[PDB]
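Student: Below are the chains, spelled out letter by letter.
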Amino acid sequence: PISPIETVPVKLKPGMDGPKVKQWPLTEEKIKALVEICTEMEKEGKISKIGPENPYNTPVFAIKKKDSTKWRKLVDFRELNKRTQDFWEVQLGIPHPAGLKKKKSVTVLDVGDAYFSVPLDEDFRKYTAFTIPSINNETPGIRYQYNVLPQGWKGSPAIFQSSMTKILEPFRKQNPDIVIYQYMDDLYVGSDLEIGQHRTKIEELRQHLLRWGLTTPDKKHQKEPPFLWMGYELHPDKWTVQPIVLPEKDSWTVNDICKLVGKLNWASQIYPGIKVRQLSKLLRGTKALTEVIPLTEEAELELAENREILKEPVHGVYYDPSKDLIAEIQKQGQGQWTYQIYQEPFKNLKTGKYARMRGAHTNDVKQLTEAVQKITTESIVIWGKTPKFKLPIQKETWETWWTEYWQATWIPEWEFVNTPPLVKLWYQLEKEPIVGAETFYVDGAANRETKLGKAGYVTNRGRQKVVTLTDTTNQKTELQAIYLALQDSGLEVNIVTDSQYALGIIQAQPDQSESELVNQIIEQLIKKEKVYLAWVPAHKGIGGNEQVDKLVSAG
Amino acid sequence: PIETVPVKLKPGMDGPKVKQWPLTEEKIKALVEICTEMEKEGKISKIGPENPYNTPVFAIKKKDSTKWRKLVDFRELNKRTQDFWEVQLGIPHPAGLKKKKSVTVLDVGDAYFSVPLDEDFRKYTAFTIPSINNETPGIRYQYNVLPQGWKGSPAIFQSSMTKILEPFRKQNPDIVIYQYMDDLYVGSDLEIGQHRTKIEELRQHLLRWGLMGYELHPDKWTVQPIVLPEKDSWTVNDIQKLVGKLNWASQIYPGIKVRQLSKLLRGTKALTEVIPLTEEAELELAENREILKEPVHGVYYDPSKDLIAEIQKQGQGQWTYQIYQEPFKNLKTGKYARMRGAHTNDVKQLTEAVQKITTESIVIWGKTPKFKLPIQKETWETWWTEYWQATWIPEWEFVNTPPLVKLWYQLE
DNA sequence: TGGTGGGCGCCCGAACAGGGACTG
DNA sequence: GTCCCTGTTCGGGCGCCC
Ligand SMILES: Nc1ncnc2c1ncn2[C@@H]1O[C@H](OCP(=O)(O)OP(=O)(O)OP(=O)(O)O)C=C1F
Ligand SMILES: [Mg+2]
Ligand SMILES: [Mg+2]
Numbered sequence: 001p002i003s004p005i006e007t008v009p010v011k012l013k014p015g016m017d018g019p020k021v022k023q024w025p026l027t028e029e030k031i032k033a034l035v036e037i038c039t040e041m042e043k044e045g046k047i048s049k050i051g052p053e054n055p056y057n058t059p060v061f062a063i064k065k066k067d068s069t070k071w072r073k074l075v076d077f078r079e080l081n082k083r084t085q086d087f088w089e090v091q092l093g094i095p096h097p098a099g100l101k102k103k104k105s106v107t108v109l110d111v112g113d114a115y116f117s118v119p120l121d122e123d124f125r126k127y128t129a130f131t132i133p134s135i136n137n138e139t140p141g142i143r144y145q146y147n148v149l150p151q152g153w154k155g156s157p158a159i160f161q162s163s164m165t166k167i168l169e170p171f172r173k174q175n176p177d178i179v180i181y182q183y184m185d186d187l188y189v190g191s192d193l194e195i196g197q198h199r200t201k202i203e204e205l206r207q208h209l210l211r212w213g214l215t216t217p218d219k220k221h222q223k224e225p226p227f228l229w230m231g232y233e234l235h236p237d238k239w240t241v242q243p244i245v246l247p248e249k250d251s252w253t254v255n256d257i258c259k260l261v262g263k264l265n266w267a268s269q270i271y272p273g274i275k276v277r278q279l280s281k282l283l284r285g286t287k288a289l290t291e292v293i294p295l296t297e298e299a300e301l302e303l304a305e306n307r308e309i310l311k312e313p314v315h316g317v318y319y320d321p322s323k324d325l326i327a328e329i330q331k332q333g334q335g336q337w338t339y340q341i342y343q344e345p346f347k348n349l350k351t352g353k354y355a356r357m358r359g360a361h362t363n364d365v366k367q368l369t370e371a372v373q374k375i376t377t378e379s380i381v382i383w384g385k386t387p388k389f390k391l392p393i394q395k396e397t398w399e400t401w402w403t404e405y406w407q408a409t410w411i412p413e414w415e416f417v418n419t420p421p422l423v424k425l426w427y428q429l430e431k432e433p434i435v436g437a438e439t440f441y442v443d444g445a446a447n448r449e450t451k452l453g454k455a456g457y458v459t460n461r462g463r464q465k466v467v468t469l470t471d472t473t474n475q476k477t478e479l480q481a482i483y484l485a486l487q488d489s490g491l492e493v494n495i496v497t498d499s500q501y502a503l504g505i506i507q508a509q510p511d512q513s514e515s516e517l518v519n520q521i522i523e524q525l526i527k528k529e530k531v532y533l534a535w536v537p538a539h540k541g542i543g544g545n546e547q548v549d550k551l552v553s554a555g
Numbered sequence: 004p005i006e007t008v009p010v011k012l013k014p015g016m017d018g019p020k021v022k023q024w025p026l027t028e029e030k031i032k033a034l035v036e037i038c039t040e041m042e043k044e045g046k047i048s049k050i051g052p053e054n055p056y057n058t059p060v061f062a063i064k065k066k067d068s069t070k071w072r073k074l075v076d077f078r079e080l081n082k083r084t085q086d087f088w089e090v091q092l093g094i095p096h097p098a099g100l101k102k103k104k105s106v107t108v109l110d111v112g113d114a115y116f117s118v119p120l121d122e123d124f125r126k127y128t129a130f131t132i133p134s135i136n137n138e139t140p141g142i143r144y145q146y147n148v149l150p151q152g153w154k155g156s157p158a159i160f161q162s163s164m165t166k167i168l169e170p171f172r173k174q175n176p177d178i179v180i181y182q183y184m185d186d187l188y189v190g191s192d193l194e195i196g197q198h199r200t201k202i203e204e205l206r207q208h209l210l211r212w213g214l230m231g232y233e234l235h236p237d238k239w240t241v242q243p244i245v246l247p248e249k250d251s252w253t254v255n256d257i258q259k260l261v262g263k264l265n266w267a268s269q270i271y272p273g274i275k276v277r278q279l280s281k282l283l284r285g286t287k288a289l290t291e292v293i294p295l296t297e298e299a300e301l302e303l304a305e306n307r308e309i310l311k312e313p314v315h316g317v318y319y320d321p322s323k324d325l326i327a328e329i330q331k332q333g334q335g336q337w338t339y340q341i342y343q344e345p346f347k348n349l350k351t352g353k354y355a356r357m358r359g360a361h362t363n364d365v366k367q368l369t370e371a372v373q374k375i376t377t378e379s380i381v382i383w384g385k386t387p388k389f390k391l392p393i394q395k396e397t398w399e400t401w402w403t404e405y406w407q408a409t410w411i412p413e414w415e416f417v418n419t420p421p422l423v424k425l426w427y428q429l430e
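Those sequence lines, one after another, are chains A and B. Take the first sequence: its position 13, counted from the start at 1, is 13 in PDB author numbering, and no numbers get skipped. Just so you know, the second sequence maps onto residues 4 to 214, 230 to 430 in PDB author numbering.
Any given hint could turn out to be false.
Ranges of calculated distance between the beta carbons of each label pair, as one might list FRET restraints [said to hold, decoys possible]:
no., chain 1, residue 1, chain 2, residue 2, range
1, A, 68, B, 68, 52 to 60 Å
2, A, 448, B, 249, 50 to 58 Å
3, B, 214, A, 322, 38 to 46 Å
4, A, 220, B, 29, 30 to 38 Å
5, A, 345, B, 243, 38 to 46 Å
6, B, 45, A, 333, 58 to 66 Å
7, A, 413, B, 4, 23 to 31 Å
8, A, 104, B, 86, 56 to 64 Å
9, A, 447, B, 347, 31 to 39 Å
10, B, 243, A, 283, 37 to 45 Å
11, A, 261, B, 5, 34 to 42 Å
12, B, 318, A, 449, 56 to 64 Å
13, A, 2, B, 7, 36 to 44 Å
14, B, 7, A, 281, 58 to 66 Å
Derived DSSO-like pairs (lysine-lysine); straight-line CA-CA distance at most 27 Å [unchecked claim]:
no., chain 1, residue 1, chain 2, residue 2
15, A, 82, B, 126
16, A, 540, B, 275
17, B, 390, A, 374
18, A, 530, B, 424
19, A, 13, B, 49
20, B, 46, A, 173
21, A, 550, B, 65
22, A, 385, B, 366
23, A, 11, B, 275
24, A, 11, B, 11
25, B, 11, B, 275
26, A, 154, B, 395
27, A, 102, B, 32
28, A, 388, B, 281
29, A, 385, B, 65
30, A, 476, B, 424
31, B, 22, A, 154
32, B, 395, A, 385
33, B, 32, A, 166
Hints were generated in silico from the structure; no laboratory data involved. Beta carbons: idealized from backbone N, C-alpha and C, even for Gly.
All chains should be built: construct the whole structure from the sequences, respecting the hints.
Tutor: Below, the structure written as structure tokens:
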């Protein structure tokens with residue numbers, strides 16, 4: 001049947017016209033599929049034979065469906081889509097099992113030929129013109145247009161999703177306490193009703209759907225835990241992901257890799273420990289999806305680590321709104337982080353990994369603050385509240401950082417967990433100049449023309465060093481100079497720089513950086529017992545900044 | 004039986020297309036209740052995906068309360084809406100309001116629903132209510148009346164607002180009533196007590212057509243001047259900081275000179291060496307310290323240009339701010355103080371700081387400043403709404419501020 | 001076997017967007 | 001103005017859902 005629902009008005013973008021793009025060569029097996037599909041659709045009013053009054057046309061083909069018995073008729077509207085107006089998508093995100101609550105009774109329903117059950121705007125139908133190439137001595141042959149939503153058009157998903165919401169509103173209003181998770185044409189229906197009253201309620205849902213033109217075949221998941229839903233399988237008391245199988249290719253290529261990450265990431269929603277740093281790094285400047293490349297002793301190593309964790313069995317549980325949410329985070333390497341979220345001690349609601357690099361320079365405390373952020377926003381989407389945190393970081397370490405850091409930073413209600421590795425600051429700049437520590441006035445200049453440079457220092461104790469660099473920059477020569485001063489100073493040292501750039505990087509207490517120069521500086525800083533970085537405005541004759549400046553300015 | 008007044012976008016600009024952000028359960032529950040109610044009242048309508056526009060919505064729980072206020076973030080639509088503002092308003096700004104002993108702020112949002120919105124403009128006021136765990140696709144509405152928080156709402160309703168206020172202003176001439184967006188600002192020099200009595204009395208006239231806080235005392239606001247440290251001995255370090263501070267400050271007050279001080283530092287000295295200040299250095303330090311007293315000369319508020327606010331975290335609950343339109347040309351420099359406790363929430367504190375500062379800006383220039391927030395974007399956007407209490411929302415941007423400017427404005 | 005759509009996620013590279021420092 | 005350096009946005013590919 002076709003839904004009696006009102007259409008959604010649809011325009012092409014101004015000034016543009018409909019697609020005139022002729023069919024391409026189609027297989028025999030699929031033309032058999034396509035005409036059998038079409039002649040039935042056309043019996044049902046879902047499409048209409050058009051005539052030569054219709055200028056337009058768009059290619060069509062056919063792939064299989066999940067069971068692999070049925071065919072799906074797609075239309076390549078790539079051209080029409082470009083020409084079609086913009087929409088606002090109403091699918092804001094993806095429901096998650098860990099956010100489901102325990103219900104007494106569960107049903108999973110699917111709608112039949114879903115799209116082909118929603119009317120397409122009448123004024124727009126003529127742009128959906130396609131043509132079935134038929135066996136070549138028995139017709140050119142047949143030309144149709146859509147009276148319902150096509151699969152390949154840019155607007156179908158959103159118009160379906162909106163049309164469904166419209167259709168379910170009356171039922172939802174009438175049944176405020178039956179929960180219907182609505183994903184495209186997928187329905188999960190839960191109730192606190194007993195099996196037989198639930199059943200009656202489900203049939204009412206189906207009559208309601210069918211009054212609006214939506215059928216529900218079976219495909220009706222019934223007294224049938226485990227339910228198959230959204231790529232999961234839900235049992236009364238636990239949920240798990242349908243099996244994941246990572247490739248085993250021995251020559252790996254970009255495309256092979258990119259889908260190794262994919263499934264791993266996907267995997268990490270409930271397999272704790274997954275990491276993909278090394279793997280993702282393989283995939284840098286590789287300008288081609290085909291390019292192969294050896295898994296670094298580091299990567300090939302990492303791949304085998306996850307590959308081991310997937311072997312163990314694991315489920316998540318469902319959500320009790322009356323217990324608290326707890327996120328526990330643990331640290332890995334290369335700015336990689338894992339977390340688990342639960343309400344009861346060893347019963348994961350779900351899990352995940354954070355592992356972005358925000359910034360050229362940074363440290364653990366920042367990266368931890370960022371994983372906290374991520375998890376918080378994720379919880380608000382899934383459970384609509386914020387979790388309590390268990391973090392591998394001492395209340396003291398936090399307070400120190402938040403007292404030193406010039407930005408507003410904050411972590412929700414949280415509590416320390418002795419689980420190593422603990423998050424620490426690897427050094428601390430002094431607040432006051434250090435008595436009995438040699439004072440270094442550093443500076444570097446660079447010749448923007450030649451790219452040639454000089455970094456160097458002068459110290460109150462009479463030492464002075466100047467290093468010519470080649471192929472450099474002011475900021476580099478200036479970082480280089482701090483690096484010279486640390487190199488040649490004792491365990492305690494005062495350094496005076498004129499560079500905000502440098503002072504800014506170092507002040508913020510990085511422990512990792514994209515820059516090897518800064519990495520070396522960091523090794524130096526962690527080795528030292530006391531360091532005090534002071535700043536002064538440059539070219540002001542202040543000493544002995546004036547001294548170093550004259551000295552590194554041989555260019 | 005009222006007629007709709009046409010309204011348009013600026014030329015060459017299209018309506019907002021801003022994605023809805025995740026909302027907590029408590030907020031979504033409130034929005035769904037407010038909106039069902041506004042739908043009954045015909046004040047908003049459900050719409051489809053074929054409307055291409057979107058503007059975020061959330062909700063706030065004002066004071067200790069069980070009453071929520073829908074808050075649509077329109078500053079993108081406002082940025083884009085016809086210059087209604089600098090064209091269709093005969094509005095000077097009440098210079099006296101900033102002097103008034105006590106100002107009270109009233110939320111005359113309801114008053115706007117009493118006017119319909121140009122059908123052709125409705126499209127642009129669309130928003131989208133999220134569901135928890137995406138159990139549903141978003142539910143989308145567009146406005147039918149004047150939207151709260153929209154730039155065009157006080158403008159279109161200006162005259163009707165004047166009619167209602169008019170009689171109240173006539174009987175109370177020394178009461179100054181100013182309007183900004185959903186806000187009525189009401190100041191007087193009445194003894195606290197008579198003032199509220201009088202305010203309850205304006206709200207009595209306001210119930211007559213149909214159908230918040232806290233309490234402002236503007237003339238107690240004040241400026242945080244730049245200030246120099248006073249020491250009985252100075253170290254090379256002490257003086258190196260001092261020269262840097264002054265040198266930068268000279269960009270603000272061109273009277274500041276740093277030469278005699280800069281020459282106590284000749285040579286290559288240890289930072290902790292003590293240098294006794296020479297007569298000149300000593301005197302010159304006294305000049306500067308006074309020069310800083312003097313008011314910043316040559317600063318003129320230009321309404322066409324936008325107000326910039328910078329904020330620096332000073333630590334221990336202190337926050338400093340400046341409001342300028344051109345660099346070093348401050349209109350107001352201030353500090354915000356708050357609890358020095360252990361459980362301080364920086365982000366809460368930052369957003370209370372931006373609300374205070376925004377509030378002062380409205381009262382003093384009747385305009386909203388563009389803030390430069392010393393916080394990471396994601397951190398800020400994770401929590402700021404859990405602390406908001408205003409009915410407006412200032413533009414902003416996030417910045418990595420130099421550990422220099424934080425010390426330039428530091429206190430003692 | 002090819003070839004379609006929308007959503008979210010993850011990475012990575014592109015293009016910007018700023019500020020700060022330079023030249024003579 | 002020019003360099004730098006850093007941040008952001010956007011798009012592309014892959015995963016998963018329908
Ligand atoms: N590869 C894709 N390309 C474009 N669009 C796609 C694709 N895969 C899904 N879709 C959209 O999801 C919808 O799928 C609905 P289901 O898959 O349950 O099938 P049915 O036709 O409604 O009926 P049945 O249940 O009776 O078989 C229809 C769409 F077009
Ligand atoms: Mg189906
Ligand atoms: Mg220098």
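Student: Hints first: check each against the structure and report whether it holds.
Tutor: Going down the list of hints, with the structure as the test:
1. A:68 <-> B:68: 52 to 60 Å: 57 Å, holds
2. A:448 <-> B:249: 50 to 58 Å: 41 Å, violated
3. B:214 <-> A:322: 38 to 46 Å: Since the Cβ atoms of residue 214 of chain B and residue 322 of chain A sit about 39 Å apart, the hinted range of 38 to 46 Å holds.
4. A:220 <-> B:29: 30 to 38 Å: With Cβ atoms ~35 Å apart, the hint holds.
5. A:345 <-> B:243: 38 to 46 Å: 56 Å, violated
6. B:45 <-> A:333: 58 to 66 Å: Holds, at about 59 Å.
7. A:413 <-> B:4: 23 to 31 Å: Given about 55 Å between the Cβ atoms, the range is violated.
8. A:104 <-> B:86: 56 to 64 Å: 59 Å, holds
9. A:447 <-> B:347: 31 to 39 Å: 36 Å, holds
10. B:243 <-> A:283: 37 to 45 Å: 55 Å, violated
11. A:261 <-> B:5: 34 to 42 Å: Given range 34 to 42 Å: violated, Cβ gap about 59 Å.
12. B:318 <-> A:449: 56 to 64 Å: 42 Å, violated
13. A:2 <-> B:7: 36 to 44 Å: 37 Å, holds
14. B:7 <-> A:281: 58 to 66 Å: Holds, since residue 7 of chain B and residue 281 of chain A (Cβ atoms, about 59 Å apart) stay within the stated range.
15. A:82 <-> B:126: 22 Å, holds
16. A:540 <-> B:275: 12 Å, holds
17. B:390 <-> A:374: Within the cut-off at roughly 23 Å; holds.
18. A:530 <-> B:424: Satisfied, since the Cα-Cα distance of roughly 23 Å is no more than 27 Å.
19. A:13 <-> B:49: Answer holds: residue 13 of chain A to residue 49 of chain B is near 23 Å, not above 27 Å.
20. B:46 <-> A:173: OK: residue 46 of chain B and residue 173 of chain A at ~20 Å, within 27 Å.
21. A:550 <-> B:65: 62 Å, violated
22. A:385 <-> B:366: With a Cα-Cα distance of about 17 Å, the restraint between residue 385 of chain A and residue 366 of chain B holds, given a limit of 27 Å.
23. A:11 <-> B:275: Violated - the C-alpha atoms of residue 275 of chain B and residue 11 of chain A are around 68 Å apart, more than 27 Å.
24. A:11 <-> B:11: Measuring from Cα to Cα gives roughly 22 Å; hence the hint holds.
25. B:11 <-> B:275: Roughly 53 Å between the alpha carbons, so the hint for residue 11 of chain B and residue 275 of chain B is violated.
26. A:154 <-> B:395: 32 Å, violated
27. A:102 <-> B:32: At roughly 21 Å apart (the allowed maximum being 27 Å), residue 32 of chain B and residue 102 of chain A satisfy the hint.
28. A:388 <-> B:281: This hinted pair is violated, its Cα atoms lying about 56 Å apart.
29. A:385 <-> B:65: 19 Å, holds
30. A:476 <-> B:424: 25 Å, holds
31. B:22 <-> A:154: Roughly 19 Å between the alpha carbons, so the hint for residue 22 of chain B and residue 154 of chain A holds.
32. B:395 <-> A:385: Between residue 395 of chain B and residue 385 of chain A the Cα gap is close to 20 Å, so the pair holds against 27 Å.
33. B:32 <-> A:166: 19 Å, holds
In summary, the numbered hints that this structure violates are 2, 5, 7, 10, 11, 12, 21, 23, 25, 26 and 28.
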